[PDB]
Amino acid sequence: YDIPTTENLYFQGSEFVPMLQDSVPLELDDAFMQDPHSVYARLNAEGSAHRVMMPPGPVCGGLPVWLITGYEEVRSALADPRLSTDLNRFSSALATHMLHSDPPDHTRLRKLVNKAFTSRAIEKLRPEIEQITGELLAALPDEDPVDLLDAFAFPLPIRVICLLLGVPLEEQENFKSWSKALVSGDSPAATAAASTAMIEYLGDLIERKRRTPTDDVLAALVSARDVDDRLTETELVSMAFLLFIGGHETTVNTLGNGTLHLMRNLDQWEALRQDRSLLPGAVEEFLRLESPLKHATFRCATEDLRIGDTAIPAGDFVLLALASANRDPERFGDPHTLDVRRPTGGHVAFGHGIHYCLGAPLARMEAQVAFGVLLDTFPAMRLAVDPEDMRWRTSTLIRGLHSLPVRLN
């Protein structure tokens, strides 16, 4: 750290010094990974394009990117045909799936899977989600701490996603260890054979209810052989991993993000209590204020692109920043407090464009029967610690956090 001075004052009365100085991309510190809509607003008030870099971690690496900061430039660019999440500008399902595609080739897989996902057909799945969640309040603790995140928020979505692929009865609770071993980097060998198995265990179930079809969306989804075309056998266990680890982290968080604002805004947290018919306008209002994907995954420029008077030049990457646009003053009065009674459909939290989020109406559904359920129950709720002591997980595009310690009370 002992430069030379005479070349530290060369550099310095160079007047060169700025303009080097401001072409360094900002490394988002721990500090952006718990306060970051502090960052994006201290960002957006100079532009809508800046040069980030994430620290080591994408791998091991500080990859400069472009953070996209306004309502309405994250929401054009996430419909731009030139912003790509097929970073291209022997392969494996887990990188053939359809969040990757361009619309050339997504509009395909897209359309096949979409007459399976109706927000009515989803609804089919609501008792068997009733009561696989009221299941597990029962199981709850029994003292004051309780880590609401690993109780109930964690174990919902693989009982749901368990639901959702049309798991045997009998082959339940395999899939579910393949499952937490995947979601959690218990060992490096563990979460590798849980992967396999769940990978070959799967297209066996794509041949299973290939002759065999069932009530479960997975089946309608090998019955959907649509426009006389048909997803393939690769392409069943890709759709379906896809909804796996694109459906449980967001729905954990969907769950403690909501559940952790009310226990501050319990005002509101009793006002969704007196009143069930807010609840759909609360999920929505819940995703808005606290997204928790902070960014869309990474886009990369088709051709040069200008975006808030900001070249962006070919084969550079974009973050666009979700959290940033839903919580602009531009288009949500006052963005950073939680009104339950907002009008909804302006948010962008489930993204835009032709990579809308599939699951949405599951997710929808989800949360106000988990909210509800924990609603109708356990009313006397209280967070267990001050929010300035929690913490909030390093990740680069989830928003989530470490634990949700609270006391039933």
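What we label the rigid core is the largest C-alpha set whose atoms superpose within 1.5 Å from one form to the other. Numbering follows the first chain given and starts at 1. What changes on going to the form deposited in another entry:
For the residue set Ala194, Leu278, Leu99, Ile245, core-aligned C-alpha shifts between these two forms reach 2 angstroms or more at a single site, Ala194. If you fit the rigid core between these two forms, you'll see the Cα of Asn257 move by less than 2 angstroms. Superposition on the rigid core between these two forms places the CA atom of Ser179 2 Å or more away from its counterpart. With a cut-off of 2 Å and the rigid core superposed, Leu112 has a Cα displacement that reaches or exceeds the cut-off between these two forms.
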Given for the second form:
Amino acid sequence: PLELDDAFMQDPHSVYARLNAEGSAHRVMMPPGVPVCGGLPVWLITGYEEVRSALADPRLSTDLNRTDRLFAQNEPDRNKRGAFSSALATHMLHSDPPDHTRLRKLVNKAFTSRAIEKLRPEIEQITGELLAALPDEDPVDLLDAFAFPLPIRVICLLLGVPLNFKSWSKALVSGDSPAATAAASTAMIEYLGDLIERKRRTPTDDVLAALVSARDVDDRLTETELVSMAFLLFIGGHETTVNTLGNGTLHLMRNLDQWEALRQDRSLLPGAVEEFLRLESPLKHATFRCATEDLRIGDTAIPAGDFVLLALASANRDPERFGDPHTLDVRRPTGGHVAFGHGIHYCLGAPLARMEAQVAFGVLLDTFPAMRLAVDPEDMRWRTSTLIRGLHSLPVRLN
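Now that the form deposited in one PDB entry has been shown, please provide the structure of the form deposited in another entry.
A lone chain is what you will see next.
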């Protein structure tokens, strides 16, 4: 079992190309000090065809009950597993089809492509304020000033929350210590419980309140599932979109001609966003899946009960599927990326994220069109996360 080091967190693509050149399935381990999944042997899947097939393979399950066996090797206590604690992870993504359907139906109509379009005025409003609210300095740290607040402000609008989230999701996704993520985990179930009582005591009109009604009036939901669904909607949408803005901006700042070509022609913005998603996927990996029977990935047999990690970044930079996979081309044919997954678990917030990215980048080209990176591209570091691909900071100069 190959042990993955920090150098993998910094250039995972180089490791994937190495591994994919030899095969499609490789037994790996995350460093021992990764807070929850550290030291746990899994199969890393490299390769578009193999990753895209594996995502929708009926023999690979995301069930929390099945993945319990993986996490129990580190922490037997089901509620001490971070964002994989049962009080927070018992949602649609960690369920199989009979219950996945029910859970997704509670909220699918509110994340529809048509539904999300109605929010364009509010999102544009928030984007304009956020970039007007920050200082005028040589380094701005666009990640913390702009990239983090935008999705959480939008998500809070959809789930009824007025104006701590940034630090919490950072501890969950990229925690310094197991204690740091365990601390954030406890604080989240505490906060989510308080928020649910706030909805019961004073009913309102939003997704969260509608979810509370579905639990009490209609019994469509369980109490654990209700809390976990709130967590999934809250955290699930936040870390993803911030790194899209961050990862896309970095790559744009490294290829200024493509950045200006966007400023010149805005019709390329939708396709450019998908190219950011392909090149630097906010999630390098999908959730852990369990093999419910023996199956063969590539040329290697995966025994029943083993656990599998799908490298979405590896699939999105596979030369058999994408030409010049490591080069940013905003004019590249669009479609085919697996940044949102594939199969029944295809991201429900995909329409919302796409609109968020389009508005934020479009304003960023209108305002501060001459902004540039404040450091050398190579001194930028990436955070330590099993699934997330995001930067520690993104200093820029605007003028």
